[PDB]
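Novice: Put chains B and C on the given structure of chain A with help from the hints.
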Amino acid sequence: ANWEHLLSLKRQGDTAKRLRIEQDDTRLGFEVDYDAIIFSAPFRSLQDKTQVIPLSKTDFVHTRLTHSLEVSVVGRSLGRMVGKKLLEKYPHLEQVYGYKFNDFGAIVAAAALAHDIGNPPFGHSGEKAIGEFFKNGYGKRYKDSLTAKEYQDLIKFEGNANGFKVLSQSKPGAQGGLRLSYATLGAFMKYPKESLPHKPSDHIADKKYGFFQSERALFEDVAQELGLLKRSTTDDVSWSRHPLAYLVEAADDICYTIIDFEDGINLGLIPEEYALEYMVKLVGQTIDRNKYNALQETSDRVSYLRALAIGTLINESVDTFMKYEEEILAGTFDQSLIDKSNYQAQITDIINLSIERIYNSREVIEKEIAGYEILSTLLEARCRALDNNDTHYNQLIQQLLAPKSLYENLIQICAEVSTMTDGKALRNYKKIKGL
Amino acid sequence: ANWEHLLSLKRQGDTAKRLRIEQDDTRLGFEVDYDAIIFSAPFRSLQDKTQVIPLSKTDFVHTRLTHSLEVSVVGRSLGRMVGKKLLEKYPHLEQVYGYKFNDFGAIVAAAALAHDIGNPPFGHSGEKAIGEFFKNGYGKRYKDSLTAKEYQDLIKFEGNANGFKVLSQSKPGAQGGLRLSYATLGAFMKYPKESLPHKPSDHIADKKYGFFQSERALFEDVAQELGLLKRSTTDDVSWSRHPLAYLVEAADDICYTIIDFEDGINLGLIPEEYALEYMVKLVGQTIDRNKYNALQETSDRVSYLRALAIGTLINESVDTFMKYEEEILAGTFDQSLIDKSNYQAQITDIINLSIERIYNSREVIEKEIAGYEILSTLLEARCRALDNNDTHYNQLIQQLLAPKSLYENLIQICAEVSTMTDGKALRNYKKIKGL
Amino acid sequence: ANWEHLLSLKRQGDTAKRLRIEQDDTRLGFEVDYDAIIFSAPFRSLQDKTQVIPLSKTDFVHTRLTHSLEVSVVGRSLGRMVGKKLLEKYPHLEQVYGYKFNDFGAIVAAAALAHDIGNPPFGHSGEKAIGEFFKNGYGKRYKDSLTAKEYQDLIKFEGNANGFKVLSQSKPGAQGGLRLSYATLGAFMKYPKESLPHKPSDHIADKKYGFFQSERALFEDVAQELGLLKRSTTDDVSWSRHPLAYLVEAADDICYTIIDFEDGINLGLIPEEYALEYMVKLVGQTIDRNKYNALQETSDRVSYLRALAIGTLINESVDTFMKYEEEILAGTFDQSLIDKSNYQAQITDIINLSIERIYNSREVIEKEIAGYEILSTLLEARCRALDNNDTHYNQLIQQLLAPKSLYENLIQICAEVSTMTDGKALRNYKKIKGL
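Residue numbers (the working numbering), protein chains in the order written: chain A, 1 to 435; chain B, 1 to 435; chain C, 1 to 435.
If we strip away everything but chain A, and leave its shape as in the complex, we get:
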């Protein structure tokens, strides 16, 4: 591929090319993208969306908005640092085409900021509850009216794909959604494939899929404009990742690992006695141990460790990207940047500690179990209303929850149930069940 094409400023529906050298640097398309997301209704709704991790009465624990905000700050740093090195490697990108190192920071930051925008509540358990509804619940009745891939979109409903829908969905008065730059949509697409075939290889980009059938035509346009390399020549389409999607992924990987740990310690789910032991290798060269011992509050000690460890992993991930830059550009890199880390054993240890103390904790399990009932109830009410829209009750349901082809109706129901705020979903659920 070519970096000039990968850094496309095209917005959906454009009729003429947007050259970087002609951009107003105070209205740079990539930076406009970031601000568009910040002010968007879907991003703002993350304020009222918790993570599956429990709340604390005494200490800070991230909601989904502040988690996404911090991921985007890590992403900006990754993009800035790699962008500087790319412009040194390929100086024509700056001298001829006018690209600057902050462009790469803005692309990665915007795609990272919006990564969780489409995820249902209750973490991956919420995805599994939606999928189960269509695999074995009421929604199984729709199988024979859908293509294999349309049905797969439902039984393996994917928040990454719903995020792509949220960013690009046309509505009356708003064609093309947020109309983000194609470079940003490219960096967003960690899994550039459809729902089938399912996990066709052990390649990182094949672990999930990244767009629904409803968004296939758009990503085809995005992939064409960017020049992404093909990974399939059948009607089951798939492409090699945009190089910057590796940085978006690394930002998420760094933040899932270290910031979950930080939250677990502040909640007390992870004993503070383990804080230094698990972070020593990651921070040992830079930690000022005398300073660490002088900090009097648990949360200040763990924030210092988190800052040091994120710094270490950012610097390393930049160097790993540049080492494998040609292979990434050629589509032959089959792993994540963090997979190559010299700290991979320590990262796995932290992740396993978080699985054991946070995600397997009673408070998380209880919430996932409750979430199954909440999501299954909302989906069933919407789907019965779709199937019998004439009855008095189902008209009330439509008025309460949602005031096209079968597939497009079903994927919209999933999309809308997934993006309801915590409070709205809970209130509507309680009314349907009379509580």
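Don't read these hints as lab results, they were simulated from the structure.
Honestly, I wouldn't trust all of these hints.
One copy or two, either will do: identical chains are not told apart, so a pair holds if it fits within one copy or between any two.
Stated by the list, open to error - In silico DSS-like pairs for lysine-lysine, Cα to Cα no more than 25 Å straight-line: (1) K424 x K57; (2) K57 x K85; (3) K433 x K208; (4) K135 x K230; (5) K404 x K140; (6) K10 x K135; (7) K433 x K135; (8) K207 x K156; (9) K433 x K140; (10) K149 x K171.
Specialist: The following block gives chains B and C in isolation, referenced to the frame of chain A:
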């Protein structure tokens, strides 16, 4: 038809005639009816029964008892003014028979006071939830054990017909229920027909039905004594309305229109800026503009407009009655009194604004949806216990909720679930669901 | 039967005999049993387990722990008093084998202390909900995969048998459970039979059953060591009760009769006047009338009557036991000790009043109805997770509720659901239901 027979003082089971001229003026049968309703357990229970309209923590919103009381006051005025004009047009009713203008006010007031006594909770949505239970829910299993009209009583369960049952149902030690005058029972019956045929015409009197199969024999006796005109000779019975039922209907129509509007403004669902605009034509000939401007509080200004509009519509309704009095006596008036109003456009505008801002409001929809679940759960508990009364659990349900033919059992279950107070229904529902 | 064998100090797994004369007086096996129950997790859990009797905002009402404690105190007196008379009638028990009167008090106290340890919540209605689950609910699907007696253990699930399971269940690191002395396990077994045949006679010992199929081999060991007399002629096994089981029963009967009455008066469910009227014959010979009239508080007057009445019935039960000692030893006593009471008319009056004012009270019926839903919901969740342990949801359920053969799994599910504390059961129920 003859007004001498329409004004019957007969009570259920009477052995001898009751002549108006022989009545004690301090114990007039029609006034005794008003007081019997006031002190009755069903009317007292309206204290603990809310309308579908939401509660407010700052302003007055009507419960069902206050609504019924104000309807009865408007009704008394309609009856008084019409009674005076009817006694001028038929002076023998006063000379030979001894009827006085207050008699007509008493009949209309008592019938109007009792109009909502049999309605289930949650408004018309509550009626629909009970019907759905027998149409498509657990109660569907009874269809093949019931006649067409018995089943129709259930799938189209009607609060008007339940009100007639509540007023007249014999119980051990209370033969004939409240034993109201037959004239009052006639004025109560807005839909003098059985559940089938369903809407045989577009006449307002055919829109619903007014008695269940369980009360058909009772209303036949009332219809015979009053000399109501038979409107159909098939096994399907129906009669032309008692003339005073047009005034009972008018009392409800005027209050439903204007007082919902008043509550909507005080709730903030309807902006105050709409209050004068929608009521100027109805009040302009009688309003004291100096008084209106001096009033500094919204609820006082709205209450003033409400009083003037109601007075306007009462006066117009009386004139409309008297214009079509002979048509009403002949059974050939196919319309409501308010349908002939010169302010029909303004009334329709007020009704539509109330639908848009009150009845389609989120708080009303939520409550109606919850009411479906509450009523369906209580009905299913009672019917499962009816079908299998020998189990330990169903014996507990019987002790908790209810400490004859299949049809008579099912209609009683509906009547009882419909008349439980809000708090008792909710408490029993929560216990059944373990909440 | 021989008292030397009936007073066995054997613990499960023992390879050598335990001679009473060799026991350390500060570590007597029978007294060790009492202390082992007190400190056991199942007994401690009765702290957080209420009776079906409603709680009071003004007066004392017993939780299950305090009820079991007071039953054990009454049992200790019964055992001590009968022990002294037994050692007079069989002096070789002391002189040759070294038994002392307090040994009999310790046996009866320990067995009585543990009588309610296995009962499910919600009283006998809780037992009926569990049985109904397997007779007609989801659990009916297991009938054809179980023997007749295995299925009867479920459809007639019995708290007495679950108590035996709780006391003796082997787990890794705790073989034989609490490892109680066999004399104590004999005194505990009021119904020495398996689930089938059901009520083979009207003998009190045949009213219920005392051990599940999972514990049949253990009680067979216990019966052999104690030398209990075989009572059943068929392949369904059954033994005559250990004589001390009659005293454990009498402690329960006396406390349930008088202390329930006491609680009902202090709750206000039973009018205060009924206290002296129903207890005057039980207390007349021993009551200090000036002490009683000087007492100014209801709870103190009633507590005085309770102490006097329990005193009377303890003394009488001891005399009844000794009067029929030889018939009990030979297995020919067909009644309970209290059945032979001279105060049986007063006991029956008190029980019937408690049934009418307490157990048939609205507050109890409400709680039993809710308990059906709670227990049925928990049983269905555990059984569906047993049937499909592979699904993501069922693996969450397994982590939340339970972090071998089909029968062994089902009886363990019943045992665990029955032994959950009130708050733990309610919390898990609410999460499964989304609240």
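Novice: Any hints this thing doesn't respect? Which numbers, in order?
Specialist: Of the numbered hints given earlier, those the structure breaks are 2, 3, 4 and 6, listed in rising order.
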